[PDB]
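Only one chain is given next, in structure tokens, and it is the form solved without its partner chain.
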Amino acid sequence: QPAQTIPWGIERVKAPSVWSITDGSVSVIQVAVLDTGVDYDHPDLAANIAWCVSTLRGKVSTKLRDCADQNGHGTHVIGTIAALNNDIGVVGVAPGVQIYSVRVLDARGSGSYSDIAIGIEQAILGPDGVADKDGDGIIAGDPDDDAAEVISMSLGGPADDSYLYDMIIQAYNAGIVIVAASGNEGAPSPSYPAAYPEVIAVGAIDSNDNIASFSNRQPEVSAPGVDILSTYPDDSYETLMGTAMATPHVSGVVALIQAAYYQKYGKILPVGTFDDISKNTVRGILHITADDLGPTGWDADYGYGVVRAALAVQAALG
């Protein structure tokens, strides 16, 4: 295996200086990544893989072969969130965060809407299949449950499916932060599910801090999405580009906020809303600590700006 390198995007979102506070290894926190599957035994991933599930064709299955990445995309996205900080490969934004790999996309990267809807439900129910096992009314941020705190969706399309949208509303109202790619058509507004008001739409910058021209406009925040090196099957590494690559940077920063807030207070922040500019919710903190590029304030290119984990966490803890 090759010696560890830090991909430029990990440095760009200011993640490494947070790790001494937390690398996301606060046991209550998990990130669900709804994608093509994962290379579950990849040496730079395996120890962070808490659950590997499939919802393809209606069936929930944890058979390894059912849950394994047959495309490469999911393994790449997951390594950007949580590739381990060790002597090999790469390193994620939250290199100690627990991952749920929820395969909702086939070998080609296509998914049906009820498969993705079911994926969202699985992220809430978690490996034990029960939402609120101890009946205390708390799901996200409850160490007695195994619900994810972040659902990351590096996928999207022009289609708005109400069944999937209902699942999103359920997760959001459970206190789960939802993050998704704005899309790759240079379009005037984000694909769904990014375009849902409950969801953080993520646009893609390059290494010069320019918005990538394929990045769909009107995102909520933006993140590294060009020349992104991460993990790839089989026990390998590969470089990809797209708002799918920017998304996991934002999910990692969210995992760091919630892990650091929990470590200090014994609880997590509310998700918040698009318009939030206070330090009282996850999204408010993302918006006000982002590097504001382009026109001052929120803009159609960068949204609120480039996410910055070191400032986000400082805002969350102060």
The other form holds:
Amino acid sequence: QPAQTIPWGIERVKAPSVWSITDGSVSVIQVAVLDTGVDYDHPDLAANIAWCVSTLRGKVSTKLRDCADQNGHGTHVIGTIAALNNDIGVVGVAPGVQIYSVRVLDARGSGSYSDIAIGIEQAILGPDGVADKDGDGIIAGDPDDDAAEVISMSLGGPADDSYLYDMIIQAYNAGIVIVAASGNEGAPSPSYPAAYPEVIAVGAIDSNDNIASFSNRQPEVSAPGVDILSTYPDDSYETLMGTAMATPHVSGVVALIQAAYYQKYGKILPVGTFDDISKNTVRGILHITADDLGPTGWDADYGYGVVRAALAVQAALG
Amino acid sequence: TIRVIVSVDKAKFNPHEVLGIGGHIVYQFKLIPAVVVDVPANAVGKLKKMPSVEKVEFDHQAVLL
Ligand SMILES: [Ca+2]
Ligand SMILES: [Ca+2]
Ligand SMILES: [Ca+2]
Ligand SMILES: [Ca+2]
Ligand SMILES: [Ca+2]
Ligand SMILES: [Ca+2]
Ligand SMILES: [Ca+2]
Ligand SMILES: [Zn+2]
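Could the form deposited with its partner chain bound be shown next, to go alongside the form solved without its partner chain?
In what comes next, the whole complex appears, and the chain from above leads the way.
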């Protein structure tokens, strides 16, 4: 194992300075990552893997074997959120957050919308298979439940289907923050599900703060997505690009916001909307504390700007 | 056979109805009124004809980004 380095993207989103307050290791907080699966014994990820599930072929399996990453993309994404702060490898935006790895993409990195919908349902239900055990309407942030608080989707397609949208709505109503990649075709607007109003569409910047030529336009926010070093199978590391690598930076930031808020106040913040510019919701905070690049204000390249954890957490707590 | 996802009216739907048109249930959602089903390609019209079926959608493809 190589000595630990902090990848430029983790630096750029201002995560390291948040770690004295929280690294996301608040018990009620889980991040669900719907992707190719995970190298579940990777030394730099294992301790943060709380649940491994697969929805491939409409069959829900928690057999490790069926949940393992056979592509690598998922392992990389997960590493960007939650690689462990230690002496090896890399480090995530939220290096102590619990991860739910929900495998909705197969070896080829392609997936059915049906499987992905099922995947969102599983992030909501949690290991116990029940959304709201005690029946009080609180799901995300309810310590009595095991739902994830963040759903991270580094994937997309061109189709807008009603059942998948209805499941997205269910997640939002459960109080879950939904984050997705804008797409990698240099298109005028985001793929689905990033283009739904309930979801945070994320574009990719490179290391000189320019927007990637491949990044689908009109995102909500943007994040490091070119030359991003992270964990990769088997028990190794690799450097990749895409709006897929940006997405987890944002999910990490959200995790830290919700974790810091719950730690101080024993509650989480509402999810919020796109137009939100208050300090009273997750998305509002993300928007007002984003590094505003390009033209003043929201713009078609960067969205509201580059997410900044240090500032988002300060705004949440104050 | 194709895989499709049907949006259903729970007041008229029963998973056992699918077998009648040659199909089988793959997954019943717990949180929305929809079912994933496999059916013969020439059975799509019959599903549509079912009073419990409000919408039939094809299973689309997403890719890693
Ligand atoms: Ca939770
Ligand atoms: Ca590490
Ligand atoms: Ca549950
Ligand atoms: Ca509850
Ligand atoms: Ca409760
Ligand atoms: Ca391994
Ligand atoms: Ca701007
Ligand atoms: Zn079948």
